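Coming up is one lone chain in structure tokens, specifically the form deposited in one PDB entry.
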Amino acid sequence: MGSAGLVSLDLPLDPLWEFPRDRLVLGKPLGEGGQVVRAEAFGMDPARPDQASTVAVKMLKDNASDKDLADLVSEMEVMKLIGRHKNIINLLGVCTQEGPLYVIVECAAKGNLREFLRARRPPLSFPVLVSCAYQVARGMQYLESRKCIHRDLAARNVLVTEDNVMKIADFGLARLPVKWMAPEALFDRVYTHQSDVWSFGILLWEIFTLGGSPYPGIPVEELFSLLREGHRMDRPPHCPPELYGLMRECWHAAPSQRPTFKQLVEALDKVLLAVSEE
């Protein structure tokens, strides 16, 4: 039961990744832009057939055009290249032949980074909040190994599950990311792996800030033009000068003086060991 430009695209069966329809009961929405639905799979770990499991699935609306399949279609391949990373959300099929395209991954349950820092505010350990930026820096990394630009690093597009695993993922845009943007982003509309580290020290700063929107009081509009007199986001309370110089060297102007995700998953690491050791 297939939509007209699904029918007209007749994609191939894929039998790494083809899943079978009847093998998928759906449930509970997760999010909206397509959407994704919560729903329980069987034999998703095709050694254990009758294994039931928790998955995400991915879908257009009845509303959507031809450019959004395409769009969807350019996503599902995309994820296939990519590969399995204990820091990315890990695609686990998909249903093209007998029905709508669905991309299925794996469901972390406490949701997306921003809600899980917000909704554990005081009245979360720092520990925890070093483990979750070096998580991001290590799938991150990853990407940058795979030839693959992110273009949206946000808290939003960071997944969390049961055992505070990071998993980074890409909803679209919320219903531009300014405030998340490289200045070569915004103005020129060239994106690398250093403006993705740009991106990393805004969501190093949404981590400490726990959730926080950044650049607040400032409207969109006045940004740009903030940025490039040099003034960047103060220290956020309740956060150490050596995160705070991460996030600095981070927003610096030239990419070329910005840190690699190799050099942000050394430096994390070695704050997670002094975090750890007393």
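Residue numbers count along the first chain shown, from 1. Only the largest set of C-alpha atoms that superpose within 1.5 Å between the two forms is called the rigid core. First, how it differs from the form deposited in another entry.
For the set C250, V55, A64, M233, a Cα shift of at least 2 angstroms between these two forms, after rigid core superposition, holds for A64 and for no other residue.
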Given for the second form:
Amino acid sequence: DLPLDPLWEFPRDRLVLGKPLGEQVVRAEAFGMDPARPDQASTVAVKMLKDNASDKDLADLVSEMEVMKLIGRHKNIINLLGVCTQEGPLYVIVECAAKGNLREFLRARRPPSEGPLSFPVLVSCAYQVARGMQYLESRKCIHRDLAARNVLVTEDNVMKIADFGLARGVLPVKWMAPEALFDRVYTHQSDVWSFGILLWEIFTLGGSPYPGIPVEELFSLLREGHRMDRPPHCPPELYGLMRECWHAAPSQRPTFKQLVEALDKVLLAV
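Mind sharing the form deposited in another entry? What's above is the form deposited in one PDB entry.
Here you get just the chain by itself.
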């Protein structure tokens, strides 16, 4: 079936599968993800197919594995760690971020008063996602569904972009740039629009975008040149970034390079 890639194959017998994470992806213990200390265990996540999967379902998982191999590694993406391809079911092994997705992370750290999430820390979350996206962009990866739910948080509060390698497998209208919504055109610039929405998620501590506004009314609100209002405590400089991300014309929005530089300047100024 699948060929042995010497650069990624990991011994099936050295991975002990554990609790499911959603329906399949499973929590596992891998022994020897560090070649330096190959007795050392680490917690990872394993994507595999359920028993009623078609030949097309295999093809899609192979395709995600092969795409992640080629994009390579970065501090701010969920990285490929290894694969089990031989004499058994296909396992794709990736980093497991202990604190879950950025949405639930922020929503659980909502104060009743001041909360344990400072301005610098929130800007830091935004900067780390911009760095992640600038990398994926340099590897010619268009995400297409950048949102706080698709950003995971490690034990050391590092941001890692999830699911940047999906094929055509299971819309989030509120996060989509107009050219996506209307023309089904996805570019790096349309990802910049989604970044602007994510900025707003961060500075509402995981708020739901366009509060109360049925999806039917969003399209005509955007065509009329209306956008989400500045969130309660959001400094203007940050709202200004969000707005730039929400320019109708894609060529008018910032590049991920410019977002990294802008957020860098805010953190240096602190």
